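Put chain A with the ligands on the given structure of chain B with help from the hints.
Here is how the chains run, residue by residue.
Protein chains: 2
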Amino acid sequence: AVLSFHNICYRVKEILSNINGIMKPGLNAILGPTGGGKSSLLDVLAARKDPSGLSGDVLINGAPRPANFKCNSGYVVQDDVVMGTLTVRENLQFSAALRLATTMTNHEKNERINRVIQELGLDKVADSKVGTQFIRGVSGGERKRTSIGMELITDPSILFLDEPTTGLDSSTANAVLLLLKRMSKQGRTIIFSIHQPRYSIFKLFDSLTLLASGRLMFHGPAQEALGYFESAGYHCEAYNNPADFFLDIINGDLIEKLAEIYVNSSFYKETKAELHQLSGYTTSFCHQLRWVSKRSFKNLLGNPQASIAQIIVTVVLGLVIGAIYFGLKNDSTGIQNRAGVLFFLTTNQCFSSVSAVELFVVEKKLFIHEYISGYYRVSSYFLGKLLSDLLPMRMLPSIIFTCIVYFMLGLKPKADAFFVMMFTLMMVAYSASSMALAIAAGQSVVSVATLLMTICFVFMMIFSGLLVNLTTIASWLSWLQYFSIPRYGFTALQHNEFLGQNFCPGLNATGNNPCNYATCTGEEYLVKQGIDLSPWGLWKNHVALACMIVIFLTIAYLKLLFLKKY
Amino acid sequence: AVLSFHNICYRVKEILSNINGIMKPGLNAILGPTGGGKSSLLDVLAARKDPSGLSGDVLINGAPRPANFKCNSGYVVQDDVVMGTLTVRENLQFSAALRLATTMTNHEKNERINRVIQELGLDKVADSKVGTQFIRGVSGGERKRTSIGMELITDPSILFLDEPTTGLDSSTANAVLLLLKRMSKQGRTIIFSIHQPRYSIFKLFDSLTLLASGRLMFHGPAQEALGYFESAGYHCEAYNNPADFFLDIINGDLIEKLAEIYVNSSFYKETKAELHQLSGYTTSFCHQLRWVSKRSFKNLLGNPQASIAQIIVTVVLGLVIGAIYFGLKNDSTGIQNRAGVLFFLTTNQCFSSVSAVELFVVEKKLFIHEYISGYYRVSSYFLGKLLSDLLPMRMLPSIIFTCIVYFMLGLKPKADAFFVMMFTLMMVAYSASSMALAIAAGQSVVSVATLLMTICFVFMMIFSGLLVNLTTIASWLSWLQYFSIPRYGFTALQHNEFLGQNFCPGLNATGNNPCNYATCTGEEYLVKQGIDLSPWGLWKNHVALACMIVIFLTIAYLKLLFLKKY
Ligand SMILES: O=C1c2c(O)ccc(O)c2C(=O)c2c(NCCNCCO)ccc(NCCNCCO)c21
Ligand SMILES: CC(C)CCC[C@@H](C)[C@H]1CC[C@H]2[C@@H]3CC=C4C[C@@H](O)CC[C@]4(C)[C@H]3CC[C@]12C
Ligand SMILES: CC(C)CCC[C@@H](C)[C@H]1CC[C@H]2[C@@H]3CC=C4C[C@@H](O)CC[C@]4(C)[C@H]3CC[C@]12C
Numbered sequence: 035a036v037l038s039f040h041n042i043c044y045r046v061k062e063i064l065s066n067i068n069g070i071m072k073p074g075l076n077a078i079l080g081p082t083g084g085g086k087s088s089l090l091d092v093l094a095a096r097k098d099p100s101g102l103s104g105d106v107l108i109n110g111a112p113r114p115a116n117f118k119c120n121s122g123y124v125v126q127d128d129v130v131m132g133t134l135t136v137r138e139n140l141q142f143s144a145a146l147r148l149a150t151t152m153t154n155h156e157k158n159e160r161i162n163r164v165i166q167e168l169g170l171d172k173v174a175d176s177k178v179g180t181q182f183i184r185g186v187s188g189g190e191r192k193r194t195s196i197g198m199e200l201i202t203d204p205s206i207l208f209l210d211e212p213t214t215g216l217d218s219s220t221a222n223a224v225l226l227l228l229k230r231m232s233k234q235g236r237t238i239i240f241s242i243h244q245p246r247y248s249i250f251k252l253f254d255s256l257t258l259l260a261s262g263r264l265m266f267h268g269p270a271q272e273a274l275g276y277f278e279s280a281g282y283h284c285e286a287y288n289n290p291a292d293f294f295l296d297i298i299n300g301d328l329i330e331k332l333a334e335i336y337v338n339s340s341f342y343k344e345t346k347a348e349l350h351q352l353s354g369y370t371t372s373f374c375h376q377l378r379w380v381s382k383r384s385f386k387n388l389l390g391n392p393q394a395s396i397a398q399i400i401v402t403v404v405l406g407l408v409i410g411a412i413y414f415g416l417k418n419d420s421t422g423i424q425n426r427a428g429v430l431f432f433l434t435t436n437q438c439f440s441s442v443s444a445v446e447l448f449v450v451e452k453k454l455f456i457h458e459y460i461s462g463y464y465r466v467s468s469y470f471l472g473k474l475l476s477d478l479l480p481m482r483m484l485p486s487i488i489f490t491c492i493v494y495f496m497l498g499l500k501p502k503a504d505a506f507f508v509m510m511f512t513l514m515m516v517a518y519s520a521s522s523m524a525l526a527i528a529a530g531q532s533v534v535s536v537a538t539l540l541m542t543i544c545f546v547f548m549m550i551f552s553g554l555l556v557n558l559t560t561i562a563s564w565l566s567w568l569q570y571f572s573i574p575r576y577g578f579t580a581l582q583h584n585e586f587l588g589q590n591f592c593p594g595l596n597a598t599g600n601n602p603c604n605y606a607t608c609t610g611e612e613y614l615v616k617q618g619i620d621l622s623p624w625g626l627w628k629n630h631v632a633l634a635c636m637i638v639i640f641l642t643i644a645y646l647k648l649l650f651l652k653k654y
Numbered sequence: 035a036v037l038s039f040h041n042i043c044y045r046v061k062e063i064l065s066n067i068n069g070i071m072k073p074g075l076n077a078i079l080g081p082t083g084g085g086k087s088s089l090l091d092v093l094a095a096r097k098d099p100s101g102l103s104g105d106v107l108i109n110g111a112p113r114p115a116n117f118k119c120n121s122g123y124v125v126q127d128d129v130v131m132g133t134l135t136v137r138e139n140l141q142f143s144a145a146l147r148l149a150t151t152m153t154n155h156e157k158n159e160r161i162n163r164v165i166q167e168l169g170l171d172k173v174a175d176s177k178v179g180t181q182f183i184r185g186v187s188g189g190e191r192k193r194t195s196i197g198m199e200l201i202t203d204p205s206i207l208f209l210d211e212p213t214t215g216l217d218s219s220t221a222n223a224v225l226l227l228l229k230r231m232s233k234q235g236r237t238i239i240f241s242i243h244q245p246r247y248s249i250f251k252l253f254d255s256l257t258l259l260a261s262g263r264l265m266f267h268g269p270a271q272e273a274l275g276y277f278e279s280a281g282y283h284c285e286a287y288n289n290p291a292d293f294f295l296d297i298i299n300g301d328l329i330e331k332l333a334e335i336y337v338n339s340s341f342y343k344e345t346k347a348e349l350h351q352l353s354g369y370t371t372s373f374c375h376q377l378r379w380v381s382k383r384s385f386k387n388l389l390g391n392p393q394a395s396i397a398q399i400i401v402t403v404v405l406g407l408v409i410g411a412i413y414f415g416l417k418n419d420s421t422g423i424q425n426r427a428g429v430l431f432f433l434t435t436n437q438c439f440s441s442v443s444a445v446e447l448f449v450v451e452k453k454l455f456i457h458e459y460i461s462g463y464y465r466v467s468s469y470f471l472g473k474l475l476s477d478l479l480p481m482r483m484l485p486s487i488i489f490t491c492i493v494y495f496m497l498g499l500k501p502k503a504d505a506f507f508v509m510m511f512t513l514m515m516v517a518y519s520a521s522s523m524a525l526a527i528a529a530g531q532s533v534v535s536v537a538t539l540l541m542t543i544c545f546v547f548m549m550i551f552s553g554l555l556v557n558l559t560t561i562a563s564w565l566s567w568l569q570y571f572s573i574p575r576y577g578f579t580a581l582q583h584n585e586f587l588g589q590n591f592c593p594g595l596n597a598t599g600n601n602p603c604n605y606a607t608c609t610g611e612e613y614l615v616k617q618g619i620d621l622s623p624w625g626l627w628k629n630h631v632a633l634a635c636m637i638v639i640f641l642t643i644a645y646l647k648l649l650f651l652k653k654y
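One line per chain: the protein sequences are B and A, in this order. So the first sequence is residues 35 to 46, 61 to 301, 328 to 354, 369 to 654, counted in the entry's author numbering. So the second sequence is residues 35 to 46, 61 to 301, 328 to 354, 369 to 654, counted in the entry's author numbering.
Just chain B, with the same shape it has in the complex:
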């Protein structure tokens, strides 16, 4: 399969104006400065831009590009987006299970995971972890190689590479770039956009397309690239690199004058002659959930640097709160002391789950790459990570928390009340995290994603029945009490706590008491807060919290589905 393209007009201002060229099933290249359409022409051929501003036609071996061209052709993006906290054997296994297991069996597809493991040369680092900025692993020259084989699993006719030697320590650059020539003998069309090649790959170019400032300068093979400028008016004599010279006419030793002789050159008049002649998901849903979770669950425990940091800070906080209110009694300072701690637990769960914004913003460029390549639907990436990084990461600081703080305090020695506290602590922890998930998904920078959290969760802990006595704010702004997660947690934690206690030893304030403004018995404390004493008045909050989850979850699912991924 060969690629070709004609009269490509791309507008955002036209960033890619008058570009036409033909590829070969060999090893091609897109050179030039990065300010022009160098990166832009590669995404056009990869169908990675949006097709709105495009005008021309990318004709693949005479056929027009179908909609499943993107699932047939890999695209190694610039930065290493491989899963760093996994092993390269499993890292090739992740893509292999998401694009092949429809009709072939398991051990059938096990062949091509090993068949590609020595053509890359990855057998010496096959069973090692990759390597991140938080951990050490395989060297950086083979972080790029496992990116290449990851899209080599599905059988490619075309293979793009966005700048595959940016930050790769050029002593290691030749072996991967010789390896792309070795793949090209079988028929794999390779169209990369290398960044400042010195000389070593420049002898091994089957074609090249230099592009600068949105104007097509030169397209032709590298052996006849030297013989262009020496009869075109631009002398590159000895002690001058040829791959470095070609951009010096743009540097000024005119912005369109460097390319207008290419219209009247001996390349474009016959390249058009071919172009004027040539112009005449896949895997099941339960399997897609089973693999994005298994990748994410292995990524969770594989880097337990911040996951278990949340565990040990939940243990010692529940020990400190346990040491402070150790054996809190039913004296005068019962309502002041046990409504205080229940305020702290719900607002901490509201505030410790600001870290959930760092969920869809680390792997955002990974998700944009893996959705558009066809690994999974958005409904699989979204649901798969909630079962992996949201359920067994917010459930833990509610049952590790409440087993320590409850009996060390002596709140209410029942068996359901220990459970309707553990349930409502994980109900605010799922609700507040999914709220922080909502207004931070589909974003790249967590500057405003944390700025919009920390000034909004203080617009909620005000309206939470401790600092305010909610039934005393006048009604024209007291409607805001319903739009606040910690009110439902605090009230549900108060309703199962102040129901049998009387904070008043030496008397009884059940039915007969003079000298009011007392609040001796516990239910009178709740009616001053306006919390309903009915048993529905506990579970009124949870069905308001469960609706708070699902409302705030589907806006997060929308923001990933309605995200511009081009």
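FYI, nobody ran anything at the bench for these hints, they're computed from the structure. Take every hint as true, because none was put in to throw you off.
Because identical chains cannot be distinguished in the list, a pair is counted as satisfied if it fits within a single copy or across any two copies.
Computed cross-link-like contacts, DSS-like style, restricted to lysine-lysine with a CA-CA straight-line distance of at most 30 Å:
hint : residue 1 : residue 2
1    : 61        : 177
2    : 417       : 500
3    : 382       : 647
4    : 251       : 331
Frame of chain B, contents of chain A with the ligands only:
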């Protein structure tokens, strides 16, 4: 003045082992890969490394290097550390006032601010703001030029440049690098370490010193640099750049073998022959405070993007708190409602001043550069920014705040009580900011500087007399209540608030009342919290808060003074 150095042995592993060379009062260069001692040799000649691991002698024109060599010789660091939110006319004025005004007058030194303004060519952008990532200004080619003239004010014999063309859009690279040759005609010795020169400056090198992997490869002028390798065993024929070839022997088309012929070459045997022959603050304190503040105060209002963002979020928070507790009455919900708001004000000041960690961590590399160059003492940089970015930035969210929230609430309609609230709100705001200043000064990354804040200020708002009733925690951990800023704010805000109110209409609970556990009169509310009713018991907190400032300020002054600035 000419520089020279002999047998330079630098250990951290020896990063700079056997390097010796001579400079010329011309234009020198330090080439090679960045992994070796390329950047390391420049800091040695600039006396920018620490002199601990150094063994050899940097001999300047036969004299040894004095301790005031660093104030005599500029050093343009790699990144642009000029003040971006100032005008280049004032940007040259800042250095001019800090190193010249001891004996000459003001308008005398005004000559050399203009005398250097056209040799750089900065007259067209003299009265414009420089340019940052938050604002636009002068182009990036002249951001580097104002860095050069900023150390040209004091009369230099020697002038270093750490990589002066890293990210400078090489079409603009020649004019600044031709300008360094134009400065070299007067006698200014220029020793830079340029990064990958292509050819254009390579013809204009008065000397060069290539260095790779801590082993001295070649030192000699560029005209006799070509004639080295063609009789040394390494052929660089036509269509090969000479400045790019010299590192290909390290790339492998042996780590010490490339330099051992330089020991038996026709350069080192006579360079040693000179070396074996040659081996035979300033400005007043009130003026230094007056200029670092004027720079910082102009940097504050010159970029009012986040400064006035704190103002408008203080106004609308004080309006929202004003709208919530609008006219709070003396009913049963008086203690629940007005001790709640006073908890919120002190903890917000404790928590809104987490942004004070972004004070000595933005200009840290600026401070390291400007202290070591001799602009000011550490006591001037530290005190100058407190009078600029700490006084009129935390005073504003305590008098803009308390004028709105006080009379809209109706707290206590005195005239001192409005002031002993405004005083104690700015006492926590200065204390908590200076605590956040303390454990974040002298650091580069605000990851742990915010991580150690947000988990410590919740170890303080627990012990603040609202969630806990401090006199009920057993004494073996209740000693922790003194190590907490918001307890002193909340208590001082409570002591001036609960002193005449009785929250109990229809009765009086002054001296005669049955049916206790009432808390009807306001002073009985304070004695349950253990807050002393004596008038010293208000100001007990402020003299504990003023000692909290000075203790937490001098650890910040220590961390800048005892900071490794090499
Ligand atoms: O925990 C709180 C918090 C709280 O427990 C009770 C009241 C609070 O106001 C907070 C809180 O504010 C908080 C964080 N916010 C800092 C910015 N607040 C500025 C308000 O204008 C930022 C982070 C944060 N918690 C991180 C705790 N780490 C896990 C241990 O539970 C908090
Ligand atoms: C997208 C965002 C802004 C929507 C906010 C979600 C909140 C405000 C919505 C979603 C579900 C709603 C709740 C669902 C049903 C109940 C139970 C009823 O007995 C009291 C009201 C209450 C509790 C509703 C209040 C408003 C509510 C909590
Ligand atoms: C470096 C850090 C850890 C030191 C912490 C500072 C705090 C804990 C120190 C510094 C100054 C000290 C205060 C100064 C004097 C008083 C007034 C006295 O009537 C009560 C104790 C009290 C209030 C001290 C308590 C402890 C104190 C507040």
